[PDB]
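Q: What follows is the residue order along each chain.
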Amino acid sequence: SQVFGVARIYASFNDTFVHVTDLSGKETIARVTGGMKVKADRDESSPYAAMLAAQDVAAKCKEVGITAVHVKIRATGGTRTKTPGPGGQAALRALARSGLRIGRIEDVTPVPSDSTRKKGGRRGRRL
Amino acid sequence: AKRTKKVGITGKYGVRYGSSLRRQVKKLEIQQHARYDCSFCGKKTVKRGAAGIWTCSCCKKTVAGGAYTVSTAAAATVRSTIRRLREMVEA
Amino acid sequence: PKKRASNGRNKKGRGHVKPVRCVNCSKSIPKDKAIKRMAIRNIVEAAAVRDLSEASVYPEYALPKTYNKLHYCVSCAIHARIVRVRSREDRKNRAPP
Amino acid sequence: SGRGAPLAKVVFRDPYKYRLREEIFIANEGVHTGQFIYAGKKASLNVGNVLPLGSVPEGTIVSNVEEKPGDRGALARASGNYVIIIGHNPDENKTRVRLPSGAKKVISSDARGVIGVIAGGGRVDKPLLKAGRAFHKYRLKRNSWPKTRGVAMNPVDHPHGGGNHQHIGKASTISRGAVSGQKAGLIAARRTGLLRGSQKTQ
Amino acid sequence: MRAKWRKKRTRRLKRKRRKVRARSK
Amino acid sequence: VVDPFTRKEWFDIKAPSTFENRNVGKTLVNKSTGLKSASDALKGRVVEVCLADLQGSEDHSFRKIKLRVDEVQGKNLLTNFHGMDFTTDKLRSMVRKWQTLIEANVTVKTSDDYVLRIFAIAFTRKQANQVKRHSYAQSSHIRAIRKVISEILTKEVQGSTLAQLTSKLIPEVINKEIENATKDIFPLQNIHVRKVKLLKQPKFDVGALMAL
Amino acid sequence: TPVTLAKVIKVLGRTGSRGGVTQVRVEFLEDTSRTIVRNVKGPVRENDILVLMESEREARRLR
RNA sequence: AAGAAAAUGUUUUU
RNA sequence: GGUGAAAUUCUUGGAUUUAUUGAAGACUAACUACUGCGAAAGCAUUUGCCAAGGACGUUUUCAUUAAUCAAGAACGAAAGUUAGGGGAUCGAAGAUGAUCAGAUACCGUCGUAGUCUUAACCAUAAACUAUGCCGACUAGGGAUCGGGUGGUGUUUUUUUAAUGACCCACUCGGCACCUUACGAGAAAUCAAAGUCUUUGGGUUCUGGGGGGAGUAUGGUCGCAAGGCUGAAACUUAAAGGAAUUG
Ligand SMILES: [K+]
Ligand SMILES: [K+]
Ligand SMILES: [K+]
Ligand SMILES: [Mg+2]
Ligand SMILES: [Mg+2]
Ligand SMILES: [Mg+2]
Ligand SMILES: [Mg+2]
Ligand SMILES: [Mg+2]
Ligand SMILES: [Mg+2]
Ligand SMILES: [Mg+2]
Ligand SMILES: [Mg+2]
Ligand SMILES: [Mg+2]
Ligand SMILES: [Mg+2]
Ligand SMILES: [Mg+2]
Ligand SMILES: [Mg+2]
Ligand SMILES: [Mg+2]
Ligand SMILES: [Mg+2]
Ligand SMILES: [Mg+2]
Ligand SMILES: [Mg+2]
Ligand SMILES: [Mg+2]
Ligand SMILES: [Mg+2]
Ligand SMILES: [Zn+2]
Ligand SMILES: [Zn+2]
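Residue numbers (our numbering), protein chains in the order written: chain A, -18 to 108; chain B, 1019 to 1109; chain C, 58 to 154; chain D, 1332 to 1533; chain E, 167 to 191; chain F, -2 to 209; chain G, 1006 to 1068.
Quick caveat, the hints were computed from the structure, so don't treat them as lab data.
Do not take every clue at face value.
Below, in silico cross-link-like pairs of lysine-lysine (BS3-like), each with a Cα-Cα straight-line distance of 25 Å or less [as the list claims (entries may be wrong)]: (1) F:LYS61 with F:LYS33; (2) C:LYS88 with A:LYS100; (3) D:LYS1461 with B:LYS1024; (4) A:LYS41 with F:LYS180.
Required output: the full structure, derived from the provided sequences and hints.
A: Printed below as a string of structure tokens:
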């Protein structure tokens, strides 16, 4: 009854991606980011920008024919953050409110069994 | 008795060519003239002919090797890689 | 003098402990000395658990949690208020709040 | 003579006449006398075997690689040199390889190569240490040694010749569009000076 | 002045003094 | 100016032969044309779909299944098993402090032609009357438990085909066998087969593909 | 222009660097089974009707 | 969740 | 992309994102602890091989074979040097962008050496518990690691039972911890920093106000950087430790 895709919310810091794709992931549908919705070079990670981007992506999904999305949330991961940005939460809520059905929430943040040497030097960013 | 303190094989070169170059030549000449264990007959009878050729005085087997040593690290790594790929292909 | 009875870390009988990187500034800190806080936070709260439940296609999904162990250097922990400066007598209280 | 890498004499049977055909391979390191060499599409992935590039897995190290199927070996023939299989393209059958210089090349999957690295490696790590040893090295290769510097000549002899001090006089970087007799120095140099930076440009 | 950088400065002075000593004979 | 989704045609994935249910969803691809066939664009796609969505039973909320397309038969993508993995949330929930984590992995060829690597996990637990608050293992028992688990996995694979191993993973009987064979060493609350990785496939063999 | 109104059911507290705004737990007049936290700058009390341009906007604290 | 800048102050005397 | 904000930079030759594969090198997350092993530096994936070791048990053996140790040796983090290999990430130098009054700094993007490995050097760290090693004695308490003994012990199936885990009691050895201090200390604090003017169990090393100075010179080691040994002239009334109130 429902057509399932994948939601693929990448909430980094400084920006957020809402990437709706097919079940396989090869074919993409309306990848829209908060940088496409606001123009300040600093607000890409704003929850308002994330909500606007998610609303546009969900509208395009409903016009293409997608009814529900299996949600995969991820952060920058690797060696950098492992913590979702502020905008992924707003993106998920906006996708839920824009009429799309939501299924199978999953965190796919890339977590190493151990890392390459982290950026910043041993003493880190000294601000 | 010990005849030279540090020059060793390069004592034939006298004071010429510089200490650093004589040191490098010492290292590679020692490798080149060392006697090696035969992988087939189990004896320490493998010596270099020309560069890259290592012949065993017993059992007369000849093996292609490095210029100054029987097996280079590159060839050891290549042997390991080819063994892994071969095991993957046949398994 | 010596501020802390054992040390500003937890290492007795070892000599060396492998370091960990601060999540906030990337400073290199030994694993024992780093301030480690575990986060089991619900993956979607957003004051919107009921909203996601309404939008869901599965009845009683039982949404997951996101797990993340954060390691902080002393400076970053103090600045971000994971830990606070305590009095001489309060420093000796290892129990969590 | 004149070659750093040793050669391996490998005897095959003639499939169409009763006789032996002896071939002169470049010995890969680890190959020994009395060893059986298997050459063909169905040969196993053992050191010394000759296989088409399309029949080997990714990351395989090969030597004496063919640029075209049947040219009998053009790439990775000097001592210690080797080619890595870095990709396959089953349709329009081609194999991507990385050459010793680091260049990426696309070769037909029917081109052949020998498993392993060319023997005699590490040859250039030993200082020649003597003008005489350089003399004997080039005595068996060609008449290209010793080399007189162009600045040490007269103006009739070389572009760099002449002058009351030994100096080039003009930029030694020479255009690719220069003609014969002008191409002395650094031909079509993209840059000069002590190399600062990395290799394998994007 | 930090003792580490004072040590570094003293090392530099020692190398300079040794070099001048060697230049003289 | 392009609107590329008008030239795309929809396919339905008839993913399994044996899990519970054939229909897992749909995918889209460009309309097959002179030089870029839709069948070539497909047949390499991988869909990761929840075992709960396969079986209709919510007790499989973890254990996602990987299925890659092998063939096209009239808008139907027939797939076969490509790998199995637990969910990150479930793995992190199982991993807790004040207990020993046991991880084993084996590489083994299935009965017919398939090469797999099985990743199994276990966790130490306290006894019912235990007072000590961590319940750690002594690492020699850990070696014995790893040996037992490896033997069990080696026996269960290579005596069964890939389909039989799938039909054995779904009811989770290997977990109970590991529990029974390791109970005499430690309780080991949380035996699970956390991952199955497909390392090498045999020749395509559409004949055994068409077993659904 | 989207139309939505709400009624504050609880006052959270003062907010802002200068203390200029106040956080209110506010319940939508239509679909009363829905509550959000909002930031309002003027003087407010309990049981006050406000007008919202957007419905889905979590108002966070102002550092 | 986080949030821009801030160098300097003669000697002796209390 | 990046930041508090920027900018350098990439980008309709399709950047970022997604999917399927593959390669390379590093590393060994979570489990991970006031937990373990080692002489220290250190040591965290599986399995195999090789030798090694502590604690315990012992109605085993030898019988003083022992403690600490100038001279003398083995090992010795990181950085650094030489020659090969390798060079994914980070990244002294360097190149750029911004800030600034200046900013060849913090911040940002690259990036050589280095980071990894083999064969050699180097032999230094806030190499720290700033607490030499061996031995005896002097409080109370609960945990925990390894071994052993005992129990009408709980749970687990073998077939009565037994190994396994667990509970309780005892004991040896260990990393530690809490309380109080008979006592000690300038105090911070200390079960050793106690058994100390009521001063002696054995032994090694080191210091004699602060600078000059780990410098000059000599020797010695090292390829080098430097290491070890190591003054004085001269100058100075303080420098320093702990704690108290502002
Ligand atoms: K930010
Ligand atoms: K000239
Ligand atoms: K590098
Ligand atoms: Mg931006
Ligand atoms: Mg700061
Ligand atoms: Mg202080
Ligand atoms: Mg240390
Ligand atoms: Mg020349
Ligand atoms: Mg010349
Ligand atoms: Mg002349
Ligand atoms: Mg001329
Ligand atoms: Mg000219
Ligand atoms: Mg003043
Ligand atoms: Mg691990
Ligand atoms: Mg342990
Ligand atoms: Mg001594
Ligand atoms: Mg500048
Ligand atoms: Mg090094
Ligand atoms: Mg010292
Ligand atoms: Mg000391
Ligand atoms: Mg003081
Ligand atoms: Zn022999
Ligand atoms: Zn930090």
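Q: Could you run down the list of hints and mark each one as holding or not?
A: Now for the hints, and whether the structure bears them out:
1. With a C-alpha separation of about 32 Å, the suggested pairing of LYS61 of chain F with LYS33 of chain F is violated against the 25 Å cut-off.
2. Between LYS88 of chain C and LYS100 of chain A the CA atoms are separated by roughly 18 Å; this keeps the pair inside 25 Å, and the hint holds.
3. About 21 Å separates the Cα atoms of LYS1461 of chain D and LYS1024 of chain B, which keeps this hinted pair within 25 Å; it holds.
4. For the hint linking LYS41 of chain A to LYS180 of chain F, the alpha-carbon distance of about 55 Å lies beyond 25 Å, and the restraint is violated.
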